[PDB]
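Just the one chain here, laid out as structure tokens, in the form deposited without this ligand.
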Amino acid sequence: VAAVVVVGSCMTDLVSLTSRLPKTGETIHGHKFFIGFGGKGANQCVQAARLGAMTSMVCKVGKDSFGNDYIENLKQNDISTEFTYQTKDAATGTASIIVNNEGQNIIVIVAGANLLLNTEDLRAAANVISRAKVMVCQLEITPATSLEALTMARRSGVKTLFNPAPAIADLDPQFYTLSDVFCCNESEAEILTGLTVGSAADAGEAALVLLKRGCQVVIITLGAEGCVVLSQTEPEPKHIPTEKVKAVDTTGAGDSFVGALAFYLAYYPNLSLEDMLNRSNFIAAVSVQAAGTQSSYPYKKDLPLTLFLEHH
């Protein structure tokens, strides 16, 4: 029985490493190409699974080589693919990424088959969703499909974790009211609220705007400064700091954080929110110490045992 269900995106990353980023009109040579596995949904699901969660990934890929490889990737991480759909009508989602030596990049995203996961595809996952502890969604699929997933989780009493990413200025108000935990980064809070968010102080103001739109719990992540959290029961913003790490590659760190959070909501429901966020920050910080996205996400066996212990 899957405790964590993720309804979201799978993306094939097509990565070229270069010394400079090309300008308009330019043909350059890079020195390495490789294929990686990405997509916010799948990323979050993978981190949760590597922590030991039983997870199920509801998504749609193409009936093509990239899609068959994605399915294999999910299976290699012990994620159930019972509701991973394939379609001839579009290609697997792709992110074309060029990265220079400085680590800066340009990214072209074609969502493809991700945009065709529909309400019928979710209905078929209804038993699975009703038995889960947590439902996770983002904004990389059709927004109506994510809404319907959250609506189903609410109806069955399943906790909803919503990560509004990438953020849009005009977000449907139901996303807030259907979210038990609403988690985003500074950058995304700036878009959703129109406010500046550089510091913990700023974040507390933005989180309150979001809380008043109807979320139960709001979490704004602040990168190296940890995160701020507010809830209906504890509306005072609370800052949760993180011990400074050495960062190799921060790609996918937000997804590592949300996946860890899903894991703790599902298997350690009686931990305090502050304690879950401390542990999730730690795990994310491990991921920033290695390159890659999914390949940098730590397994339970490689993490300290105190992250998996809980007092009475």
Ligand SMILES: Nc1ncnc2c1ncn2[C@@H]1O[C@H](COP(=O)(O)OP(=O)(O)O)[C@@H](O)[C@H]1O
The other form holds:
Protein chains: 2
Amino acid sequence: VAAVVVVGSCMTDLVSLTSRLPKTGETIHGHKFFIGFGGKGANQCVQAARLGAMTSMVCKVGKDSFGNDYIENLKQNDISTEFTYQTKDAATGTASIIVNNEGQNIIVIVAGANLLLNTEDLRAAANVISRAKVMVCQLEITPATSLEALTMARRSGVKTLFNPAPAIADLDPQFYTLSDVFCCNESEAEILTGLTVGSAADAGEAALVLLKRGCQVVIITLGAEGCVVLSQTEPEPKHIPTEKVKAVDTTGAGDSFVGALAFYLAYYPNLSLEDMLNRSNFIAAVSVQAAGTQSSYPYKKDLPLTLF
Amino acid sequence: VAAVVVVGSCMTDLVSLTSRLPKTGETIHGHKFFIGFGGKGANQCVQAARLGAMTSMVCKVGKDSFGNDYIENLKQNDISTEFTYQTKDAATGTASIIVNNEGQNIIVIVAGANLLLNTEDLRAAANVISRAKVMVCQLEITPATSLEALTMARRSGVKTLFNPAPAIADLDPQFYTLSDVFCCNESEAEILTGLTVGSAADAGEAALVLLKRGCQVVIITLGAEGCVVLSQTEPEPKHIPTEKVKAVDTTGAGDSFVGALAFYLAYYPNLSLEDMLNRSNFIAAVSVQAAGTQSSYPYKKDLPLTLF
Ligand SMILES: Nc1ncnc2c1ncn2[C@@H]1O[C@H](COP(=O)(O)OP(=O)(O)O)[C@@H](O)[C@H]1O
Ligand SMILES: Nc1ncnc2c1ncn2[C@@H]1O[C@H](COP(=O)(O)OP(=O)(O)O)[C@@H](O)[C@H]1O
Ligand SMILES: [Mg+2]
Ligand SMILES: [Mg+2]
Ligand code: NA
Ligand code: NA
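Now that we've seen the form deposited without this ligand, could you pull up the form solved in complex with this ligand?
What follows is the entire complex, opening with the chain shown before.
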């Protein structure tokens, strides 16, 4: 049985490294190209799986080499692919990433087959969804499918962890009321609330707006400043610092955070949220010290015994 | 285009020969003074260059005569000096060496300009670093600078060869996780692990402690006993013996070994690690048969065709 079910996105990262980003109209030469496995859904599922969670990825890829490789990536990470669909109607979702020597990038995301994960694909997963402890969603598939995933879990008493990423300014009100744990970053919080979030006190203000909209728990991640959390039971914001560490590559750090939190929500329910968030901050602080997104997500074996 | 990029130290050896060593407060007269070229980084880079490698030395010397001389020493070794910086704020790195008839010595090393190589200098060197096949670093510049160089290489998919020399007891944990090949000698391994490392058996235990810290490959050099190698994909220590030879001067044999290893990592990447280390042993073994450190490093010209 999958304890953590993620309903969300799989994307092939297509990365070109250059000395400079190109300008409009120009063709430039880069020095290296490589492929990575990305997508917030898959990233979150991968971190939870490596921590030890029995996971299942509900998603859609293309009946192409990219999709075949993504399925094998999930299998290699011991993630169930029972409800990883393949479609001939769209290519596997893609992120064309151009990165210069300063780490500055330009990214073009084509959602592709991710947008074809539909409500019937979800209903076929009804039995896995109802036996899970945690249901994780984001906003890189059709919102209607994420909303239906949240409803099914909620109807079977499964804990919902929703990550409104990328953030939509007019996010449907029902997302908030279907979220047990609503987790986003400073930029998404700005988009969702219209407030400027450049400190932990600003994040506390923005978290209360998100909490008034119906979330049970709100977490706003703050990069190196850690995170701030509010709930319906303790609505006073509390800042939870993270480990002061030298960052090698912060890409996918939030996905490591969310995947870690999923694991603690499903396997350590009798821990306090503040403790779960301390541990999730730590795991995420470890991923920021390595390169390559999913390549940077640590295993249970390589973490202190004190986190389990 | 440089396949081997060495980010590290250059130092001017200021050698005085005497009959006896001086005691506190004593002025003695010596019989000869001469200048030599040293620094682990330059040593390594010279050996890789002599083997045929297209190399570049990212380093900082003084805007003084020692620095201009160092630049010409590098040029005379067919090394690119496009990233050899000069500074008005410190003297070129120096080793002041007094040697007596008995062969005893006192050495005073002043890092000097080496410690002023900063992250802006690395940022200006970013294209050469990211376009390399291997990036080599040691611990004779500011450790933060070496860590940032390893970070850049790793992010660009460039092979990192780290030589923690001279060794430091509380080496930042990221030095291990950012090292693809982590190479040191016996006494460096003893400093880094707190174990006795006298024999190949001892080196096996020590290399294992290092591999569990995050290294992909650990090599411990063992003088006349050659070296020991472990890896993530082969956690079992293997012993590569060297040539039994009549040593005349083993000074800088480690740097010969490392420069040779960088050459094979960059130009022969499909060779087995064992094959590379046996060739690198042979090369370091040739260096041991003459005096003069960089002076003893052999050329592709003067070596067996079977090494290539
Ligand atoms: N420099 C850093 N040092 C320590 N932890 C970090 C650092 N950057 C990110 N983190 C950790 O990763 C989590 C998510 O980071 P953040 O950048 O806010 O998310 P996202 O990746 O969604 O932008 C943070 O809450 C924190 O625990
Ligand atoms: N007497 C020797 N005979 C043959 N090879 C030697 C001898 N001394 C050193 N070497 C070679 O040089 C390499 C580095 O030597 P070592 O003394 O361990 O390094 P360091 O210069 O860091 O002290 C060894 O692995 C070996 O291949
Ligand atoms: Mg995120
Ligand atoms: Mg050495
Ligand atoms: Na990372
Ligand atoms: Na020698």
